[PDB]
Amino acid sequence: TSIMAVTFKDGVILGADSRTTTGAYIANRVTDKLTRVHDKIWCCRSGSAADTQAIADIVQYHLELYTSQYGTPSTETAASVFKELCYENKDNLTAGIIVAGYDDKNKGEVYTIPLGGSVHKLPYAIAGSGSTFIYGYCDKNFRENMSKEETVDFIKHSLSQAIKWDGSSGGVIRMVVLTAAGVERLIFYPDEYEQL
Amino acid sequence: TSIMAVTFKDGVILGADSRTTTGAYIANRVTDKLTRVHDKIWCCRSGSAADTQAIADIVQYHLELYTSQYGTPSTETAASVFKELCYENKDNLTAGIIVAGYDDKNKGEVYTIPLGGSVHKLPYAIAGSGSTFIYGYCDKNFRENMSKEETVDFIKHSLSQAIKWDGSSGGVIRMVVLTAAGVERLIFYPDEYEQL
Amino acid sequence: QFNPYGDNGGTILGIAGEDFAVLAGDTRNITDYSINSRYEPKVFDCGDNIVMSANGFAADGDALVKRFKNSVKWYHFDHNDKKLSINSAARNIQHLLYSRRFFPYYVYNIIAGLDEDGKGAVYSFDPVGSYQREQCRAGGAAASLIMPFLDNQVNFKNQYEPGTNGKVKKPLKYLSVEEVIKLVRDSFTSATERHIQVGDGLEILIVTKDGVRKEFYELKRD
Amino acid sequence: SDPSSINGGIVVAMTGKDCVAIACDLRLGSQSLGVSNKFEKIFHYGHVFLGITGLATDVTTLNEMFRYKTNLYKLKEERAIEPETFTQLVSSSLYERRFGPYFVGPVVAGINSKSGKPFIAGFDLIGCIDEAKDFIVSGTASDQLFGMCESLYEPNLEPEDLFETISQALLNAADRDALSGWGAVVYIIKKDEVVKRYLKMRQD
Amino acid sequence: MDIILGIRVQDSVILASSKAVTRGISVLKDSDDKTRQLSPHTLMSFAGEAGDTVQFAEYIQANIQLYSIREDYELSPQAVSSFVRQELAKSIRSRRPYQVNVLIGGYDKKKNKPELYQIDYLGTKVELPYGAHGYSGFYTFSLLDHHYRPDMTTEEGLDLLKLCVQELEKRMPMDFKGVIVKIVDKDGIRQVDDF
Amino acid sequence: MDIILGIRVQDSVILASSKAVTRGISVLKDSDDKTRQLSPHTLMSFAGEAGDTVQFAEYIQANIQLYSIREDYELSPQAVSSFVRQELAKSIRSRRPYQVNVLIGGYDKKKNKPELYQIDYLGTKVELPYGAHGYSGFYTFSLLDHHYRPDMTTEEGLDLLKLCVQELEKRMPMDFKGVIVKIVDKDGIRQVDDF
Amino acid sequence: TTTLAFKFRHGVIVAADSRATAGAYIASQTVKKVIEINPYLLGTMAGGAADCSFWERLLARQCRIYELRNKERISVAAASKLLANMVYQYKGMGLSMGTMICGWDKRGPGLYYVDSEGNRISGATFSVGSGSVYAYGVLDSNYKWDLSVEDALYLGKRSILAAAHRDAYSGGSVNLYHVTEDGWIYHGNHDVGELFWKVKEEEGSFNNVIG
Amino acid sequence: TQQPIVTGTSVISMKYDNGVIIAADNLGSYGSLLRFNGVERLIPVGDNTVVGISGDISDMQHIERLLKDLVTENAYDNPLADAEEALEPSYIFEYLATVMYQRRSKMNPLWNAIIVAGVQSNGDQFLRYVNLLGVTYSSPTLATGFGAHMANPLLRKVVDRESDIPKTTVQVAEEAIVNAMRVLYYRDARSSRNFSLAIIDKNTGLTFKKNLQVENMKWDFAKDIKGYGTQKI
Amino acid sequence: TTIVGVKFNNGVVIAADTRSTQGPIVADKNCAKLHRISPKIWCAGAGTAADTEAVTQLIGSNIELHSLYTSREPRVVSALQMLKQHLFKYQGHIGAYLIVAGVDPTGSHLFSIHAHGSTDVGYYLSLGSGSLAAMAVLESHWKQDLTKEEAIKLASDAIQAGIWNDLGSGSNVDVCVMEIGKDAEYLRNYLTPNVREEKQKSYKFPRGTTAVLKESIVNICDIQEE
Ligand SMILES: *[B]([O])([O])[C]([C][C]([C])[C])[N]C(=O)[C]([C]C1=[C][C]=[C][C]=[C]1)[N]C(=O)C1=[C]N=[C][C]=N1
Ligand SMILES: *[B]([O])([O])[C]([C][C]([C])[C])[N]C(=O)[C]([C]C1=[C][C]=[C][C]=[C]1)[N]C(=O)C1=[C]N=[C][C]=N1
Ligand SMILES: *[B]([O])([O])[C]([C][C]([C])[C])[N]C(=O)[C]([C]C1=[C][C]=[C][C]=[C]1)[N]C(=O)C1=[C]N=[C][C]=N1
Ligand SMILES: *[B]([O])([O])[C]([C][C]([C])[C])[N]C(=O)[C]([C]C1=[C][C]=[C][C]=[C]1)[N]C(=O)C1=[C]N=[C][C]=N1
Ligand SMILES: [Cl-]
Ligand SMILES: [Cl-]
Ligand SMILES: [Mg+2]
Ligand SMILES: [Mg+2]
Ligand SMILES: [Mg+2]
Ligand SMILES: [Mg+2]
Ligand SMILES: [Mg+2]
Ligand SMILES: [Mg+2]
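Chains as they are written, first to last, in the entry's author numbering: chain N, 1 to 196; chain b, 1 to 196; chain Z, 1 to 222; chain I, 1 to 204; chain J, 1 to 195; chain X, 1 to 195; chain Y, 1 to 211; chain a, 1 to 233; chain H, 1 to 226.
The hints are simulated quantities; they were obtained by calculation from the structure and are not laboratory data.
Errors might be hidden in some of the hints.
Derived DSS-like pairs (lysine-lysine); straight-line CA-CA distance at most 27 Å [what the hints assert, rightly or not]:
1. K140/N <-> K90/N
2. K140/N <-> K164/b
3. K19/X <-> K162/J
Between beta-carbon pairs, the in silico distance windows are [to be verified]:
4. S96/Y <-> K196/I: 20 to 26 Å
5. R143/b <-> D224/a: 37 to 43 Å
6. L212/a <-> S92/I: 55 to 61 Å
7. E198/H <-> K196/I: 32 to 38 Å
8. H93/H <-> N216/a: 40 to 46 Å
9. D30/J <-> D151/Y: 36 to 42 Å
10. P40/X <-> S31/J: 47 to 53 Å
Derived list of chain Z stretches under chain a, where covered just means 3 residues or more per stretch with a C-beta under 8 Å from a C-beta of chain a [what the hints assert, rightly or not]:
11. 132 to 143
12. 179 to 187
A virtual CB, placed ideally from N, CA and C, is assigned to each residue, including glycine.
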């Protein structure tokens, strides 16, 4: 799995591959790992598919109930709910989640939640088995306040390499753009990103 | 450990960090992992320090004896001797070696020998625990027929990132330049390469 | 850890007649839930009117057969082209098997032919060389499915003569080659239905004083 | 150690023309030791017959359990339970112990009193139903019984012919199993008469 | 504990149980009675792990005695054996099962027949003419299979029992220190004081 | 095998060894002699794993008999015991050690003294007035510690041995089927045919 | 498996069942567990069929070269000892053998028990195999030295039957042998199925079984 | 006893009317890392045989050297080395099968699965499999690893039995192989897009194709897949 | 086991083989792996047979009560959600691997469910030991905008691939078609490519062949009057 979330001038973009594996067998080659827990709060999922789905479903329930009572929750609040589940059930879970969202006040924000259930707010984050191979590339090429087009290229190039080297990563590159303008879904196919 | 060898226009350059560890303790912070088996055939060592030293010593003996009888051996021949030791004693060894050398006929050549004892001739090679983090960076930035200055920068930037992310890598960056002009040793300290 | 053994499935069946003998076996070769081959011969003509099949781990079975064929060749060289009798072959095979007592051939072997009186003969072996002459014997994966059927239909076990009610047994009347081949085909067709490693094809080798003849029959390929 | 093969035993059932047959061996053992030659494995609740193989304590327990449940069924429903309905009750009762199961191999046999249709079914230890048209097998010689039934069986047999077929299937399967034998019983079941026959077999 | 035997004859049930109690390499006792009277015409012998045996036997005894008082009536040996079996079949799937095998010998006063039941720790019940638990039956069953008749007298049953014990004393490696023998018949339960 | 005892008295050495041989739950023999005459005035009893015991004993016997023929002279019990110990101390660091414990009882004709040596499978040798191997000494040593005198007669030694055996027969769980007793003195080796 | 043998006035009786088992599956019911070493020597098989068969056939070949060299038939004691020393080399290696060596030599009738553990025991009565425990009951109760050949043959046959009935891994048929000073005599193959019913009727035994 | 380090995945093959086809991708994996992208796993022996190898690459390189040495040794004192006494596919296979079984019998195997594809002197098609255990078998279609599970079913739809071989052309057979390689790229997590393909025909000889790529892939339907159940956006 | 699911123009089709195994033995030759959760929501199951049956009957029961409570036809996403949460709770110990398909007021749907509780969406899916053989066919022949007739053909061809090439699969092909605006048609034994050939001989015995000891009438009737 190769997942990442990157903040930029107008907001935040989430990115992910589409491969699910049972050992060396690809159980699903068109997986959607970018999942919605609120209108403009999304998450990237890595680890157990069952665990991360069960978590995201519970979070979507909590934030739906939060909204009915207290109005739109912050991205930090969404990350806190994820954390509470991942930390308190750390013995029984295998979930590496990146939480990303857009406020008008706070703009684009990215929180990463690794295995232990710790939370880390970052300008950008990478996770999944394939992230190991692009720590160098991403650290060298990331800039703050990039444009939408620059950020899309940064994620495309990064995940392209992660897919190239990681067997557990592959298929299409899905992306989700979170800005004031709304929510845009992007997709990039092998013929496009392999030749980069 | 972070080691690499890169061919370029005038020959080949070997590069390595200087860290040796016993768990999390740094047993030596100024290690020389670039070792000479012949005048213009060197190797990069990763894995067990004892195993790789014992191998390199035996290879240096074989090539010294080869030279006395048949004259200067090729880089391919040196790689074959390494392979024979690493393959036939694979059950008892933990050695990841990169062999690099300069001929006048064949110019710069790089052979990598991973754990199994297989041989792979490449334009450039990376190995060691820290190499994982720069597969993306190196693949994106490597070009054939680079200049000496470009290749030194490529290795410096690459190992800088490998060191940054890998705990088993660190200290100084050592390099060895192999050309028709001779053998040049280079060293780069933390204050220089960390700010890159 | 490296496991030097495997299981290639397969099932074999040897039946001895009054003046003939048959050795049948399916042609399917497998590992786990995969099919390797739908037609991979398993019963072989070894010379001197002897047929042989070593069922179980194919690599060990191929080696044993290969070695016995070799043993027949050298028996001719060393003893003036003398014909190797079925009882002599059987004893020789024990020593081939027991030579690896502490790293066995993982196979169940059956040979068939004619004895020195011209009567049908079948011999059965365990992996380490214990052997015995038999009239009827199935070996391999579906052996437990077939043998009870042969006890009933070849040796007339638990069968008595009507009217007497358990007092007089059914008499042991001999079977012809045509009657035997019917029992062989029905045995394998039934085994194919309930055993996943049995199917694809059935190859039968019939041995008489005239020589060794073959017959092939299709089986279900699922 | 394996609960399903400590006591040993076998059960087989077959359909015929307007009839069913169910049969079992009589052995109860403690592994190699033979303990009883009178341990019948076939019970009946009205006109529905149930054979049970496996761990003997569970065989006895389940019989007492289904007697309990079928007696209450009859008091409330004011009629005897039918084979199709009983089959579902067996399945339900076994699956309720999904993670602490009874180590048994039940077999149902009987004729629906209304439709007159012959019915047999088999189960795994957890309740999965195998509703076969031809035959059902269960026990330590199930492989042997599969081979015998699959070769000897033909559809639409008359009661007195079906008796010979099922008996020969059982006897010859039992004689290739160390943990089965020591006697045998065969039930021939018709819409309104049931005959029970003890078979003569080798006692080793 | 070690050896418990039972034989049902014409008009009685005879139970023979070993006298030895052992903890490791030492014989603690050589006169232990491995039996409890459940009712005036029902006797239960037992063998298994230390503690479990006596705890279970006395628990069964208390329940049957309670039933007797409540109803002013003696349960049939068949009813008792079924009660015991259910308790053991209940026990086997509990957190810590009773590791006990039992023989129940009783005289049914209604049917005027002796009855012997063999029940192991799993709750496996079987009615028998003769039975044994553990390694006992391995040595004794061949003699019982040979000599047993259902019309035997009590004296003939005791002689066949002596033969079974003599074979045990010859071929068993363990010294079980002889047996206590008890007879259950129409007149109740009594102990054979010389065996 | 199970119990082997030894006691050195005034003018002789007495060895008592069990008669039983056991394979699992079955007594194969009840009249086994667990001893070999090494020389006319030296006897060795033995106990340990099946095969090893007899193979070792007969190997020692053959070596001592060979020495006797070569030199036309009987080795002293001390010399024999030292030879045996070296063979066992050699054995313990071999690929497959002999799992055998022995007692060597001999009469030294030069010193006119009986001598008893205890040697275990490791090659641990000790000269004693009385000794035992395995679980034997656990039951018998308290009686020997109490009753033993070095000036005892052979008859007194046999009576003390009967007492030791009686205690074993009471408290040991295993039936060892009595003992064969042998006496080693100036006149050679003889067996007590009634014990 | 049930095998037995016992010395008596008129030689030694040797009896064995014929069942071979592979788990719960009955592989064979026609196994010769008595081995013909030489016309004056017999050997029983129990445990590993392959092991017992190979080493006892190798013994017969040892015993034969002994006869050629020494112009004399080997003793039962010497034959049993050769086997014991042969199997002792492979002790701990995994061999599984339980055998009896039966014959008549200069010392009269001889009977030795030999196993893969290393035991070698001379005795008047033995029984080895999973069903031996059942057979011993019938032997010990009815065994005498003053036994007729007819009664002795029946005792060994009846003892196997007792074990074949109770032991799940014993059965099939009974093979009988009588060993005299003029050599061994085969006394036939007896199906246990037919033999059981016959003995039940004639003797009255096995009342618990219905027939 | 060892463990495989750098590994090669599926090798697939089939018979057709005039010869055999064999194929394998150019990847050398290091666990989940797709480390080496230029590895040739089809090795020709003369002009009548191609040996396809999967499993451990160090052991493959060893086998490759044994075969190279075999050709050298066959030419020694052999005037008909390029004619009647040239190496046959059956000779090459039996040699490897001998080596594989001997190595497993010393508990030190060559951790490989091998398919020898070729055409004999008399024009007969040769296709046989051997692995680290010494197990051998032959079939109209053969495949190793994942290919056994995914490729064989597809190739068996073309040649289901022996009688289908004469009815199968080289164009149809190659089409089936190339399709199978695409399916393996969809579904095998240790596969690559780049592969090599070899045809050994009894008329046109040995054709060795390098640097082939999986093309005509279907991915467009991925855009319509959203979430894992209930999600609509 | 081979089970598949294929979407088409105006609906969805699922299919399955009919083999049940215990080790190398076939327990049932004509097993029914297609389950009805509701009239227009069907599910194919692989893995532990009792578990796929039990979990399907339970969720189907609760789906029926839900449909009655809400006065609405049940949705596939409801069955999907109820199944995954149930299976997740039992942490994979309930060995049910399901392909859930159906039509409802929202449209046509196709999902897969694994035993640990993970779900997946697709136009074509396959589960079981023969899923690789089936998926090879689906990846080779699937296209967008399939007709009903093309989808049934593709699905049954995928099952056949499993039947012939996977030893865990065999016998017959079962199909269920769920089209929008129509009744779901359950095609039991849609294909029958594995009928056993005629036996060479008849093994019907002469009457009196078996030895008998005792005979007796069994009283199955109740206690009688008078
Ligand atoms: B990715 O590899 O982390 C991926 C992301 C997931 C949320 C779709 N996970 C998986 O593919 C996991 C296994 C795994 C592989 C590599 C690293 C960590 C975990 N697979 C599953 O959870 C799975 C597989 N088959 C069926 C159902 N679930
Ligand atoms: B490097 O980490 O591979 C390094 C290179 C070596 C040739 C100097 N190896 C080590 O530091 C090894 C341990 C190790 C760490 C990480 C990966 C693989 C191996 N250390 C030693 O061999 C060592 C440590 N302390 C004393 C002596 N030798
Ligand atoms: B007997 O039970 O010891 C018997 C004697 C042998 C010479 C035929 N042995 C076996 O049946 C053994 C298994 C076994 C059962 C009980 C105790 C010890 C061993 N089986 C085999 O020797 C065997 C040989 N070939 C095929 C199948 N089984
Ligand atoms: B298939 O192979 O997935 C199939 C689907 C099932 C719904 C009929 N499964 C089985 O056939 C399983 C295989 C299995 C065996 C052992 C443990 C777990 C799974 N079979 C059974 O569940 C089974 C076995 N015997 C009787 C009844 N059911
Ligand atoms: Cl997912
Ligand atoms: Cl170093
Ligand atoms: Mg990839
Ligand atoms: Mg089949
Ligand atoms: Mg039986
Ligand atoms: Mg009991
Ligand atoms: Mg028996
Ligand atoms: Mg029995």
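Evaluated hints:
1. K140/N <-> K90/N: It is violated: about 33 Å lies between the C-alpha atoms, which goes past 27 Å.
2. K140/N <-> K164/b: holds (11 Å)
3. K19/X <-> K162/J: holds (24 Å)
4. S96/Y <-> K196/I: 20 to 26 Å: For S96/Y and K196/I the Cβ distance comes to about 45 Å; the hint is violated.
5. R143/b <-> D224/a: 37 to 43 Å: holds (40 Å)
6. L212/a <-> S92/I: 55 to 61 Å: holds (58 Å)
7. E198/H <-> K196/I: 32 to 38 Å: Given range 32 to 38 Å: holds, Cβ gap about 34 Å.
8. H93/H <-> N216/a: 40 to 46 Å: holds (43 Å)
9. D30/J <-> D151/Y: 36 to 42 Å: Roughly 40 Å apart at Cβ, these two residues keep to the hinted range, so it holds.
10. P40/X <-> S31/J: 47 to 53 Å: holds (48 Å)
11. 132 to 143: Not satisfied, violated; 0 residues make the cut.
12. 179 to 187: Check failed, 0 qualifying residues.
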